[PDB]
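Given as structure tokens, the chain that follows is alone and in the form deposited in one PDB entry.
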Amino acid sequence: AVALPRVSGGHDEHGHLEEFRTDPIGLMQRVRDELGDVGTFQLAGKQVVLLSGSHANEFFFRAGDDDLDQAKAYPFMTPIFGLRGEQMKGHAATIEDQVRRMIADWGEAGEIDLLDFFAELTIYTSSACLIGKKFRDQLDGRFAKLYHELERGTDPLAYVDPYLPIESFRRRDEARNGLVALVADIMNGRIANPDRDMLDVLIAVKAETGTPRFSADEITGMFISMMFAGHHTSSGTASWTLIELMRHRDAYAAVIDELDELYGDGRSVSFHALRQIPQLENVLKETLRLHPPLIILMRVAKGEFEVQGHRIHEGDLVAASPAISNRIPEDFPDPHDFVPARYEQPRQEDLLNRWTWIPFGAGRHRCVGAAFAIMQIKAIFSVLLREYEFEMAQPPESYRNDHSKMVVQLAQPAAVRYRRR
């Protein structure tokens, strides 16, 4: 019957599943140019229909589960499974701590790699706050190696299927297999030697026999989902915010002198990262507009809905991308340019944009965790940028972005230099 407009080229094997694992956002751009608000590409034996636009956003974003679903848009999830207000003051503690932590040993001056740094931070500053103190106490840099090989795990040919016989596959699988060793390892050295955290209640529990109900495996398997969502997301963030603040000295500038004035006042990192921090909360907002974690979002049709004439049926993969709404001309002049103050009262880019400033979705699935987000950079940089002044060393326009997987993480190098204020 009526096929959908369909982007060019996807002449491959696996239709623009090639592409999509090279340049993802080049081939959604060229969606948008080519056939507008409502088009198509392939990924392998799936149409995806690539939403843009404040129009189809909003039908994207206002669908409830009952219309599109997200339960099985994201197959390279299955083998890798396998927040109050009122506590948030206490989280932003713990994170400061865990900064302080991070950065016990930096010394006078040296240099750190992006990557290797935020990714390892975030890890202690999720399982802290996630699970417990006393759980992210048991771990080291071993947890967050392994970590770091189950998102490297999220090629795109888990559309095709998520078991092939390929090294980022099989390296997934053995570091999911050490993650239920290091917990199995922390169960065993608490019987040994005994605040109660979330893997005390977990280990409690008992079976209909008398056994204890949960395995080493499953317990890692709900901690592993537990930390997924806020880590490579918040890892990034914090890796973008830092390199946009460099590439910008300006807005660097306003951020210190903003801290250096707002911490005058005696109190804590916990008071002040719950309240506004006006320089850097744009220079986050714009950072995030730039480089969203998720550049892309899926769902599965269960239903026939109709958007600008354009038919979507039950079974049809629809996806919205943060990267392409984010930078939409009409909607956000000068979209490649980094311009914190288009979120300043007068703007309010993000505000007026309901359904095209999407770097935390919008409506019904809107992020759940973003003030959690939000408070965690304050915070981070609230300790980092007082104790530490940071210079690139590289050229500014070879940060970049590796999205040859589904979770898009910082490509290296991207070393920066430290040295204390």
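Numbering follows the first chain given and starts at 1. Rigid core (definition): largest C-alpha set, two forms, superposition within 1.5 Å. First, how it differs from the form deposited in another entry.
Aligning the rigid core between the two forms and inspecting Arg100, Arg275, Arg213, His336, the C-alpha positions shift by 2 Å or more at one residue, which is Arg213.
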Second form
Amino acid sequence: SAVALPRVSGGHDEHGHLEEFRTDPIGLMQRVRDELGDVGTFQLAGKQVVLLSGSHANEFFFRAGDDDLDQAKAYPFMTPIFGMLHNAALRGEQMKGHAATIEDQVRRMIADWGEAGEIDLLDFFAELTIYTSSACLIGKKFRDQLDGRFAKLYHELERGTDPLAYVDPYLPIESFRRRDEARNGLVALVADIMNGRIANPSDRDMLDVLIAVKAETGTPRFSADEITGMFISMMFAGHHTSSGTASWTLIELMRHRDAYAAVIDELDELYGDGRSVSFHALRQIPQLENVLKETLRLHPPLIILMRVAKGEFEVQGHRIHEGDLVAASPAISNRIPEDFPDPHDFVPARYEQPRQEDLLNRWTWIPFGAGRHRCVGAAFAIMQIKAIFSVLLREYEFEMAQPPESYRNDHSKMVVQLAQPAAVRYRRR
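Instead of the form deposited in one PDB entry shown above, give the structure for the form deposited in another entry, please.
Below you will find a single chain and nothing else.
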């Protein structure tokens, strides 16, 4: 019985649909839903990906236990990179402080901005998010010993996630080589901070905690190599997502001056009570929030969510087998026509009380995913954007220095990022 799941057209290239997935993954995924519907597959090298879409299919996907759809082995490119977080830095009691930390990191970042100038959205926000994450999730003391170097290396790590990892995480290609060398540079970086603390024993941070943990032998339990990895781990899920979202929030505001105007008036109005960013970032900021939600629907940082099937299951009559990669796609589900009218349109109103399309499509509006394993950093990420823009939009006004269309994502790697250049002009309000 040579029966198989329905497969999307194409896949002609050497590694099937891989070549396409590295160029236009969203187009490939839309063609799957368009030709096959809710359940369809495409081939990534040797592996088959079972792409689920639509409310019913996604519900099955998100309500499944880690015993059915495991995430652990779904992203082999993470092994070389790495080599819970919630308890350490995401406790609600900590949000207020993180709001202040973030505000401080932003003001520090733009400190040399002056009157007017230009920045690159990817460069600015990517580095800014390294500082906010490192400062909040690990500690300011640690962040203060970091600079553009750490950021540049961390970026090489993210550019080391070419879909070819599904063939082998250690292929002798350039991106995988750069990835390994970059991590080697991150260890040298962390080791230097570690030796400074040991040679010269106060506010304590997560690095202090990891350095102090002793093995039963009495010897320290973690090496510089292991600490760097854990640190890379703590910041990975929150870095490229925040950087990208921040970039696309400013891009959309700039593309739609009407939304920009509204956000600005509301911020000046909100802050008119004299309270701080750490006070307002934890509280409602409607216009800004709806622009954010609309930015996440149109440009979700994770365009595909992966899993490895453990058992034998059936989704809408189609049979999934153990070993199959099962996948959900926020890029695709977030634009399903019947759930989000004019899906390709930037319509913040979509989330105002009268519609709240985000809450009426619990299994389709999945920029943060859904179910039990819905992004645990969601509240932090929202607070961060509020905190970041409360500072930027009040101090500076922005404008595009390139055609509106040239602002787009780079889909060559599993981790999505803004293509360059992404130049933007700024000027003090």
